[PDB]
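As a starting point, one isolated chain is supplied in structure tokens, in the form deposited in one PDB entry.
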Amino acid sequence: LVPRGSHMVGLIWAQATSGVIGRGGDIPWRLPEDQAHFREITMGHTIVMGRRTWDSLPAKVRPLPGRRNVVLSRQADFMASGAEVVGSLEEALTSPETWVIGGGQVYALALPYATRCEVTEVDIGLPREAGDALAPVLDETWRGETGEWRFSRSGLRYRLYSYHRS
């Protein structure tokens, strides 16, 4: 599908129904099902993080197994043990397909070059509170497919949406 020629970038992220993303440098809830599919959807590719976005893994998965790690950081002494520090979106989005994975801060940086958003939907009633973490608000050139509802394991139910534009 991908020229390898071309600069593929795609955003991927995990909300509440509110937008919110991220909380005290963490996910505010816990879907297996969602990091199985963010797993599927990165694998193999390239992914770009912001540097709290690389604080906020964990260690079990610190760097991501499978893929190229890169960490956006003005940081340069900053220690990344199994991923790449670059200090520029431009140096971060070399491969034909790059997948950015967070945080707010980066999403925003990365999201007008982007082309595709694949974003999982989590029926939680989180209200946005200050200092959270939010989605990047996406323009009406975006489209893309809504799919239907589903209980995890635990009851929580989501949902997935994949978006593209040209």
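Think of the rigid core as the biggest set of C-alphas that the two forms share within 1.5 Å after superposition. Residue numbers count along the first chain shown, from 1. Compared with the form deposited in another entry:
When the two forms are superposed on their rigid core between the two forms, the C-alpha shift of 2 Å or more among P127, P58, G44, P112 belongs solely to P58.
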Second form
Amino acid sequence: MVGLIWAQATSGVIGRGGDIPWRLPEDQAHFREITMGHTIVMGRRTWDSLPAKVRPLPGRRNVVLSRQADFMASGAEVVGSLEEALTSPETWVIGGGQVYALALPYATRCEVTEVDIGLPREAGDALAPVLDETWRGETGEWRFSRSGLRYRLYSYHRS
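The form deposited in another entry is what I want next, because the block you gave corresponds to the form deposited in one PDB entry; please supply it.
Here we give the lone chain, stripped of any partners or molecules.
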């Protein structure tokens, strides 16, 4: 099983300047729970976005996508194509914008956190993929974070 997990503002922005322009702790917990134990796949830039003291993510099979055949990620597997990374019974593609688009045709589930911030899209922003109607998606309600930001969860599936 290949799943996609991401947090987005309403506008679809997921990343900017190698960072995530917000802090929503509830989403981090949600992310940790859904990924823990399983294989996680990320783009090389997203691997670069993590301080060395926080990578690899504990308890998961860290895999990095890069087209550099020689690229080292200390503590993760480096593959040159998704299917080399997808190897895994349950695999979760954890970002970023480039990888999500590459993987979506192989995914059956998308776990979406939507953050109620008016964050407009700027050139070079990383974006969430847009999910059509073939994704049956079950809408949560607008929860209130201890960070101060309104948020809600979506669970998408297509058979």
